[PDB]
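Taking the form deposited in one PDB entry, here's one chain by itself in structure tokens.
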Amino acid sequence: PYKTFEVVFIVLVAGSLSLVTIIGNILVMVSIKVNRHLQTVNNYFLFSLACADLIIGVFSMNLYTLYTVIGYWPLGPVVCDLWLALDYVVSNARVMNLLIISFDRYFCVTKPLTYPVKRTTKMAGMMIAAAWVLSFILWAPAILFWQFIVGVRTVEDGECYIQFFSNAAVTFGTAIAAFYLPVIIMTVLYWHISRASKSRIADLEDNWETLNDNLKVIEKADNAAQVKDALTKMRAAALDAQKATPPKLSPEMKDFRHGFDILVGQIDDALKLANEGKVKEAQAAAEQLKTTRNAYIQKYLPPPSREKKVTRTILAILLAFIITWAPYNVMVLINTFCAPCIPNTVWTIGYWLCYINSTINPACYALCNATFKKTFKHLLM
């Protein structure tokens, strides 16, 4: 009845997903291989990840669409086991790749003196190569030759699944060792990445990125309530940052406190200028505010926190994987003891959620980066 338009919707949306995934990860790979500034170790890891996501976008998405649309596996047992081995090797390589990224960042933050000089491109490529090789050797022979190990192929004609995952014990231990334990590891690692990068001026200097981002908000405002809110928040950041001693430690130091003494005054001038709705006038006043700021940046401020945004990106990738892959693993755990508890619709949701992770990774690391955006504009134009 209604399932015809449902099928058309399925092939359209699925094809769109696959195409967007292919375009995104291909753009990442070409951008890294072309731009020399994108040839750092972080982008080596992101290159391996983009490769896995491209493999998922080219094969697994279209093969799963074929399975759901046709209602059974129409290609054959050889192709079925090839696709099972491929999906498993690629997922395991994804987990190990994310672990490599997490440990790399953790060592970069916890050993700032000894570790950075050891980070070379040869070590990065050697470790990602070891990751793919380990995943392949672990999963491929079992999935491809278990039928010959037991002397029988129990997979029915038209279906596609793994025989040795019939025992709930191997599914549970595999779920613990392959997903949950690595996720806990990544959580602790990122937690120490955040705690170790937290102390001193940075915590207190966050007020400065606060008045900066609020300045940018003032630039793109539309009414007096927006510049009022951002302006008061700027006043809070300036007042907390005023009684904050900079690292360079009265003569030429009353300069530092005098700069905030004038800054809060200009924030008051623009705030009373905003209480009656002079929006653009308050914005220009905020520009002169940015001039005074500029003076005191170039006078008494340490270098910016480029590594902190890197931590933000790491969190983006890890949260992408964890959030997108949690439902499927939960469905596996529940399926170990209650099969009718998980309908086929929600199974489909889990599958497409992992694949969607492969779709959204480039937006996590590449679309928020200035260099990747420059290379993208260069490649598309």
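Positions refer to the first chain, counted from 1. For the two forms, the rigid core is made up of the largest set of C-alpha atoms that agree within 1.5 Å on superposition. Compared with the form deposited in another entry:
215 is the only residue from 183, 215, 128, 98 whose Cα shifts by 2 Å or more between the two forms, the rigid core being superposed. In a rigid-core overlay of the protein, residue 280 has its C-alpha displaced by at least 2 Å between the two forms. Once you line up the core between the two forms, the Cα of residue 83 stays within less than 2 Å of where it was. If you fit the rigid core between the two forms, you'll see the Cα of residue 237 move by 2 angstroms or more.
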Given for the second form:
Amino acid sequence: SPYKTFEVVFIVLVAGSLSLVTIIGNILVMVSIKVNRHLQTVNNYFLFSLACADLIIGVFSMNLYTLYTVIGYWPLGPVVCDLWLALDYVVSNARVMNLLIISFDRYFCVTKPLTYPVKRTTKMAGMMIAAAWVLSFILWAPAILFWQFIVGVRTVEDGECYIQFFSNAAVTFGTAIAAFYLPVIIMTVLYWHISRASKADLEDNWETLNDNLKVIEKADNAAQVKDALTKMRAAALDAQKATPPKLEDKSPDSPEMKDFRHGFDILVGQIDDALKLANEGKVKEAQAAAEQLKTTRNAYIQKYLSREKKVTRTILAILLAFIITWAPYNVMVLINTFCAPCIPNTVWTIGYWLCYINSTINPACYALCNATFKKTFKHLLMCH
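Given the form deposited in one PDB entry above, produce the structure of the same protein in the form deposited in another entry.
Since only the chain itself is given, any partners or molecules it might have are not part of what comes next.
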């Protein structure tokens, strides 16, 4: 039987690799926020707590579950079984309410801009996170650990490990409705209002200009510099014809409006000098002109102030990773209410693992797309 043994060795290697990636990625996120004040924002406070729950899953949950499935029974004991189940459900519930905190916090940012942002401090974020973990502990830990003493009998036999009050399939489905399906519905509606709020024009032009300027600086070939030059110039002219939030609400004849347009005119002049040199065969010189563009952009930036499009995308990525990795297990619970043989044990294990995988892919949804996280990662990994 060489194939069965190879399956066991393959599973141990894959599970150990998944656990290790989950641990390293989330420790990198947590340490980066703690050592970089530029990363110490309210958003990253929520992401810090989310990385903390993901780290616990990678350290405790994945390894204990791998030991459970590989050995074929629970080898540690009833106490360690109860602690593992309680830790798993408390951490998972804290994750769900953490995503609800991120979704509601973003909702009040886009719907109450005159009131909520001033109430959005680090102390408020810490209290919300602390309340989420305490509520999760109170909801799940006493029932999981002490239900056997409430009914006066432990029905979990030796070598088994499962939540005792989940012996009724309808109870498990009710848990799936209250703890997974309703929160997912709330976050979906909340995100729906988020993307509808983001769906004003001035930020959409200035963000395009800065983005294409970065693309010019870090371009690999001659096509990227051309496309970014043209699209930045189009966004530059659209941002030129419009009026910024100028002070004193001055007329177009004002010295503030005239010099505002003049800065964009000089910007287009350097843009066309860069485009010319790019067509002469001096594509490297067009990149040097982008630095001069950056200089001119910094010489007349006092007239302007939005990365919030990236923030909305980041939230959607975190929400989709949660929904997609946790939905299979929860539909197995739904089918389990009326057909237990319809879900084999191997399928249950896969659904359980996909939920764990949520913690593995979580850091890649926000950390691997943020310039400050990337630079802090590089600093943490470079030899001093």
